[PDB]
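Only one chain comes next, encoded as structure tokens, the form deposited without the ligand.
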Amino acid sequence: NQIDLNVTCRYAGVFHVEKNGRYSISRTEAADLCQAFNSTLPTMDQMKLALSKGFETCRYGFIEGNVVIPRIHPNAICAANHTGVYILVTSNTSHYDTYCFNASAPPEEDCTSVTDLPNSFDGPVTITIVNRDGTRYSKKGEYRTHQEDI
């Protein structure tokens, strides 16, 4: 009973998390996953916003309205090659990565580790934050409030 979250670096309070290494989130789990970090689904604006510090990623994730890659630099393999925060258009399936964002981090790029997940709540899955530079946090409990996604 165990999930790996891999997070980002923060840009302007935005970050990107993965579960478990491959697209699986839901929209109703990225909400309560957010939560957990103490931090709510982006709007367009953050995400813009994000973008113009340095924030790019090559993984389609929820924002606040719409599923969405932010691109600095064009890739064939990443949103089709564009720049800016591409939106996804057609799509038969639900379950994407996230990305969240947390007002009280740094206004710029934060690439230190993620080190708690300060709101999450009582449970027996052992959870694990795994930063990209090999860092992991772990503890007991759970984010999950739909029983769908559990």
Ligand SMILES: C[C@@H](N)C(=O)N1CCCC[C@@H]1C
Second form
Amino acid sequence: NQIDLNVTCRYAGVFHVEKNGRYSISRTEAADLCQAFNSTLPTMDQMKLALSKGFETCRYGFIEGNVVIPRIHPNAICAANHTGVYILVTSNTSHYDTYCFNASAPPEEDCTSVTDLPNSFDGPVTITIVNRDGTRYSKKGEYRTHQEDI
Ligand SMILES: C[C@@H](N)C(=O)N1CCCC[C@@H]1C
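I have the form deposited without the ligand already, so could you send the form deposited with the ligand bound?
Whole complex next, starting from this chain.
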């Protein structure tokens, strides 16, 4: 009973979380997952500031109100070569990665590793935070509050 959460650097408190190496997070699960990191879904303004500090990914993820990809450099296979906060317009499907915003993180680029999941609750799952440099932090718990997400 295990969940892997791959996380990035934070940029003005915003970071990306990919669950189990595939698009697998619902909008309700995303809010609960950010809450376990003492974080919230970013606002579009928070995401635009993160972008300006150096944040980009090549994966769709929830923010408040939309599903987006922050892009700095044009790449043909990432958001159809767009730059800026690219907003997903048309999709049949509902499951993506998520972004999260931690207000207590540093104001600019923070590429230190994530070493805690401070607000998860009691439960049976082994949750492992996997950093880009491979360092890992694991704890037994749960973060999903909606049974349909379990
Ligand atoms: C200690 C710090 N690197 C950390 O582990 N966190 C803050 C950044 C967002 C997620 C997590 C709560």
